[PDB]
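In the form deposited in one PDB entry, a lone chain appears below as structure tokens.
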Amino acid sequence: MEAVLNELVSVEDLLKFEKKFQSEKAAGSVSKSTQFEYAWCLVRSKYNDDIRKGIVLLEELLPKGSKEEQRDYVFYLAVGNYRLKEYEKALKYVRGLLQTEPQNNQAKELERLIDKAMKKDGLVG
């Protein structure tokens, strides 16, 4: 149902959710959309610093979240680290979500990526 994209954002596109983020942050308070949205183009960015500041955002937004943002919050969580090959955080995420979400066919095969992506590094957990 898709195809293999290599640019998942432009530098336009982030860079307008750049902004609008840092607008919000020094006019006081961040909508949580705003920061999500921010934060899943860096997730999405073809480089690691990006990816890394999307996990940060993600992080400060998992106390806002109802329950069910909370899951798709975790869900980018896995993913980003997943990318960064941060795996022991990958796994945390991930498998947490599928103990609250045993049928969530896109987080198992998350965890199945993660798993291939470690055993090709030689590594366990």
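Between two forms, the rigid core is the largest collection of C-alphas that superpose within 1.5 Å. Residue numbers count along the first chain shown, from 1. What changes on going to the form deposited in another entry:
Once the cores line up, the CA of residue 104 ends up less than 2 angstroms apart between the two forms. With a cut-off of 2 Å and the rigid core superposed, residue 24 has a Cα displacement that reaches or exceeds the cut-off between the two forms. Superposition on the rigid core between the two forms places the CA atom of residue 117 less than 2 Å from its counterpart.
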Given for the second form:
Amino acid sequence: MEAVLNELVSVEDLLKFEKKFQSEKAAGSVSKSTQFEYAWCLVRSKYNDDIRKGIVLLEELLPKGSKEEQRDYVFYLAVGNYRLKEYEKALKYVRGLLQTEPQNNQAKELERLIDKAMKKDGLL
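Can you give me the structure for the form deposited in another entry, which would complement the form deposited in one PDB entry we have just seen?
Next up is only this chain, free of partner chains and other molecules.
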């Protein structure tokens, strides 16, 4: 998607699932899917506080996931940590995922981005 469209869809997404998350948490407890969707929107946000919150929400889901869900959670932990420039954490997550999903070229392109960013720092 072009940039302006991507940004406005991102905002609409985040606001919808924030409402849903805040509604459910007001009504007692938050379903696993609602927490994941909100966290997924948070790690794509333009605000760093949002990304940090999405990471926390993904860490809370991680021990309760099926094996397939845990793979999805680790993907977005690497995304969030990469966007925060927590490169060594992101790199550890995506390498672990690639061991169990070797043909995941999305995870591979993410690893390439993380490596490229660690090179331009000089920290690789």
